[PDB]
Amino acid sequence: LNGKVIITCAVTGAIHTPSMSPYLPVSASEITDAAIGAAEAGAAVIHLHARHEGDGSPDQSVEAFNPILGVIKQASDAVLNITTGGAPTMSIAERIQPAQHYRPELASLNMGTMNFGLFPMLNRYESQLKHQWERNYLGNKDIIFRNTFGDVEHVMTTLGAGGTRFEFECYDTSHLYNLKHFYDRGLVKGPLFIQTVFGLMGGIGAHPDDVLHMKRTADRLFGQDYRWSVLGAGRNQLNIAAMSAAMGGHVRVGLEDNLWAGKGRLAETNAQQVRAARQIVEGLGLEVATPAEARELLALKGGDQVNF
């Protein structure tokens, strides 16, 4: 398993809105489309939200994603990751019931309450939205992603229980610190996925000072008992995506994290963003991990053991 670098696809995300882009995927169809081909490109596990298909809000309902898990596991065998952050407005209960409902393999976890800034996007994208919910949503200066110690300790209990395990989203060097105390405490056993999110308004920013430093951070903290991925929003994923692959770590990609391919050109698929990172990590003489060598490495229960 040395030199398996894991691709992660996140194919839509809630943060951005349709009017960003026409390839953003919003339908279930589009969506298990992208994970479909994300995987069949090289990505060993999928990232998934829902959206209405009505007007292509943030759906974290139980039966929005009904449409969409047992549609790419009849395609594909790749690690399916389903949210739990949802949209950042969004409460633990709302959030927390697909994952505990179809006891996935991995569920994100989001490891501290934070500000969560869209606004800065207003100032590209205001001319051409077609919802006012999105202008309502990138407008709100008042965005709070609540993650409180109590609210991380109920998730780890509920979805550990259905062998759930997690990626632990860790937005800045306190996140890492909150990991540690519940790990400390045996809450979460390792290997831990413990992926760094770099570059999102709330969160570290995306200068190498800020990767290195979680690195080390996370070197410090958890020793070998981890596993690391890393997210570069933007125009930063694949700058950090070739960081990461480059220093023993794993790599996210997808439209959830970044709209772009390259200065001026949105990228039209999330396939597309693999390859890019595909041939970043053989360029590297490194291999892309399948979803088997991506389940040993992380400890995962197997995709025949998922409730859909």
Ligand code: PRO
The other form holds:
Number of protein chains: 4
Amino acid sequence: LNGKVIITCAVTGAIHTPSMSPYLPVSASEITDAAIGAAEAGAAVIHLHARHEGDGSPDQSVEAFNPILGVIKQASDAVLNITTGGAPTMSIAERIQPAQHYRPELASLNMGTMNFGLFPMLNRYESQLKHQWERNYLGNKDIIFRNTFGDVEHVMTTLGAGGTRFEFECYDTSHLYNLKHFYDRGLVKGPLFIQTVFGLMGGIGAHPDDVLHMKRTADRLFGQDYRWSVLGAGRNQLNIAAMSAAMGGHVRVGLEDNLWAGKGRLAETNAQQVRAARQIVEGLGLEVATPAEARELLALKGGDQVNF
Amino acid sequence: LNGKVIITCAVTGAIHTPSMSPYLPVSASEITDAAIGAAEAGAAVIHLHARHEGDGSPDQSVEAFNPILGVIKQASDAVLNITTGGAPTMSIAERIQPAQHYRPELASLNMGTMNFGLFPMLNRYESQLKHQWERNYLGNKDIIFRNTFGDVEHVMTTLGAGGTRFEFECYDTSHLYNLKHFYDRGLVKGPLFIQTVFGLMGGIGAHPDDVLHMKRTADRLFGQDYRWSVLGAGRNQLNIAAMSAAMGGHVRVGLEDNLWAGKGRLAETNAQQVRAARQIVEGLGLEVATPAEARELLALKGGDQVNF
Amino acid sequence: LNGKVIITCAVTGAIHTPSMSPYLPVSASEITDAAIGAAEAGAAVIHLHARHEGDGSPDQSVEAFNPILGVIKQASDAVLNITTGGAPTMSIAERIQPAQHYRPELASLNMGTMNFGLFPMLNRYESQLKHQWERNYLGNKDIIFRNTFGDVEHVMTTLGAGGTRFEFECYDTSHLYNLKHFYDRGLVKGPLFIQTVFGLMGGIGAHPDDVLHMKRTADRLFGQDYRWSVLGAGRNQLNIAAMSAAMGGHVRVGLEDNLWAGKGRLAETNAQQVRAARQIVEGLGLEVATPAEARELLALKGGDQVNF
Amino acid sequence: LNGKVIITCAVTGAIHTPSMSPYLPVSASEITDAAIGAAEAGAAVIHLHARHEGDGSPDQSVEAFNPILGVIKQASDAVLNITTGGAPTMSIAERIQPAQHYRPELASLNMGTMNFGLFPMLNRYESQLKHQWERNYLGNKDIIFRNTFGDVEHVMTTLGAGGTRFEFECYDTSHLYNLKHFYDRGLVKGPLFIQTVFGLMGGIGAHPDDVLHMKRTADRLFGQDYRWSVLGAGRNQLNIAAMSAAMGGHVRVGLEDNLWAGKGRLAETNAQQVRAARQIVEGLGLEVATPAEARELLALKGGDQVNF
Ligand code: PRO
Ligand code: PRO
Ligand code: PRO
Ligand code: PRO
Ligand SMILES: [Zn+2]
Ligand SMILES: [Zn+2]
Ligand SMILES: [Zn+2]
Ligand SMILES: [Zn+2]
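Could the form solved in complex with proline (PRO) be given as well, to go with the form deposited without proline (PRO)?
Then the entire complex follows, led off by the chain already shown.
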């Protein structure tokens, strides 16, 4: 398995909004088409959210994933990874209900409580926002992603009992330290899939020294018992992916994380970012991991051992 | 002013509790005695909280500082720095009322929302906790220090209008990035007093690479328009102070931040930690800054230009 | 010039020897064909050495470049960069005679005296060595590349007078500090073309922390007044090229530096390595620099201002 | 041994010259008095050179150490460490003759060939130079310290057979990689005493990032099997000593390395610099190591197992 790079594709998320790009997937069929195309392009892991079809706003309910998960699984053996994020006012118990019911191989896990903002972008996007929910959100200077020590323990115990393992999303150094606290307690066992997230407002930035700091910290705290992946937000996406691939890590792309392709051009598909990351991986002389290889690298339970 | 090291002394805080050490100052007279002794030992800046005298629990009200601030100022020309922290349930408007009324030269400003915990220490301290509030607090796995982008802007505008400048407490890289957002908007002007805080559960750790990462980040984002200070929590206090002093930075000590002296011995006074930091500073061939020197280095309004 | 990446191709050098790979160019026509193929693949700068045609040993004489330089210039607008290296017993005056006579736009300049060794490969390669000079060289534990402060000054003054600018080869941190000494004296003017060389025995290694250390050091010492390129020796070539490209730097490839392609195979051409670098550059959404773009970025005198 | 800091004192060396400071020890009795005073102040290891008494020039002959070693041993239990440096034209066999004959517990070992220079100080110091040898040396732009792979191997095998262990002087990253080559071959066994040297012209600089780079590199290459000491040349001496002590490392001081005390004054004794380091060590709450503690930490043969 040496020299195999796992590409995760995060297809729509909850941070970007439909007025920001006509290519952001909104309907269940757009999301499944995006996931299937990304998997066919080489993404072994698909990170999934759902949205309301009427206005594109985030929908974290159990049933919102019903027309998503089985459709993708029928078409692709990719590893499906269900978010545990949600609105700042939603309880951790409600946020984990989709992963608790579907028992996926992976669920995402944000490792700390943090501010988040997109309000600096209001000058560029306000005139094109079509829905009031987007105006309310983009203008909100009081957003927190809440993931207390007690919340994270609850997710680890409750979802871990169903065989789900985590994409541990770590947005700054303290998230790696928080993860070390739970790893030393035995609440999660290795190999840990650690997704270090760069460039978001409220998180660490995307400078090369930020990337190496996160890598050095994770190496020191976890040794060989983790698998490193990077998420470079926005136009950092491919620069940070190339650093990770060149350093022995794995790569996350997707329209959840970056709407752009080049100088002012929007990305039209998730598959197009997978293809770019694959060009970098293969240019290095490495190979993209298949879903079966990713399941071995991440010690996952199998695409059949799920409730969909 | 080159080669002058500002020692800040944080005398009691709100993180440690009285059952943890009989030397933690609780009454207003204990706090003023601690501040005056620390200033006489060489601390040019005193970071202040108040407590209820009956049970030692934190007291963030305006009047709790009345028997503190004028008493210290009568005895010492040190710069008095009032906290803006408070219970996780207290609004930012209520948290800033003491600094808003007293118009101090400095107030503290936490730069992001973060988890915090002391619950891992429950096994060592539970049997000695005398007050139920300490049991409730030490056992709480859901503590957040809330400092949203909107909260921080409110503090900057409201307290800045009274001439107060900030001790910007930055507990991880993202806090430096958050501060850069407000600095670029002009909401705070340099020189920025940046207190990088190491070793707390919920914050960055205290490894030497953490220290250098925070320093490099601040240098890149702020250039020469800041003054660096370090706070090493707990038994990291003097190791991190010595790194900063040897690198051109300033130093924070105090029982708010570290209860210990050596191998299992509690520190008996704040002045004793000031004396240790002063031994390191002078051993380097440097000198401890006086309050007048600190006011020049930090561009402060003067110890007379305050409402006490 | 935003987003334009200069690819240097070093076609043969003096460190590898013919018995290590049948694809290492030896004759003048193999060296010119290699250079022209590399430039056609996208290399804007060609770093050149010559060899004796009979046994492949290094030939640093003026006339050894006569059947090389004008031939490449007639076929390609690439920038031609002449080595100033030489056998350890050759004086700096003799080493510089080729660049002194030909007055190229670029010449290489090693910034410090250092050990170098290949002897650990002797066990594997001894049986296949066809020439005694290769046995004497690979077995030599006493190799030094001599470049004293006086030597480097002589190169800077003597070749600078002919309008030649330098590829400053820096094989460790001290080489960047040596360069800073001469830059502060005004003996070289920016923009400095700094080639940081990783992975040779006797130089810095090729770990990612070594790459970021050389970048951070150069950024601190030279600011905006340099252009960074990387040389990852051996199988580090593409990993380190990808880091550089992803960080705003330029890339050096070539059979002088790395005999290998992917997965343990030898590289058949220099062009194949240029193509691999170009796949990484274009995968990042960047563009390979043309010779005219490299001349502007490096402030070079022009391909029509040379003595060939 | 937790918390015990080894102070090495290098009393005279060969880099500074008498006309730079009247306090640099020259005669055998000035060198022994300096060593005994430094050991009494707290230095557990004394790094020794000899000089010609008539003009102060370096004297690397066996017999130049005869009025030095036994005199110090009779007065102090400090570990005596004999240089293996020498004029650039002296063979490695001649350079090692003193340690070869005397079979000390420690000998110094420079791990690579490098430039060295003092010529930038010539303008300021020329008028005060009293001896022609000092003028010839300070003006020399062609100084190399020669330590090839073959040279270092010869030192390791020849002096190792007498039970001498090494102070491995590493003046840049490549020296730690050179040491790793010999350690992996088994030519030296741990624990390795690694002295990372900062700030010399021709070596790595003395910026805090240089210090952390050498520490991180040594930690990665050698793990727990080394003991780290720092040498900050010149006025960097105490800043870098403080970083090391605060990070779990050891400290080297002495007039060989730094002629200065504080605030631009020359240091009158080696003991004065030991006292300053000890003030930093004790201010940190650490303790200076005794000779017996240094022998255990460095796995030395004992002061009664030497040939003097
Ligand atoms: O999308 C997710 O899964 C995470 C939750 C916080 C922000 N994004
Ligand atoms: O004590 C203060 O001022 C800060 C507030 C959060 C934790 N400590
Ligand atoms: O090939 C060159 O130009 C350099 C000289 C020293 C080693 N390689
Ligand atoms: O003094 C010594 O032992 C080393 C040898 C090279 C420079 N200094
Ligand atoms: Zn997500
Ligand atoms: Zn406080
Ligand atoms: Zn070359
Ligand atoms: Zn020496």
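Positions refer to the first chain, counted from 1. Between two forms, the rigid core is the largest collection of C-alphas that superpose within 1.5 Å.
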Superpose on the rigid core and name the single residue from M90, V188, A75, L221 whose Cα moves by 2 angstroms or more between the two forms. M90
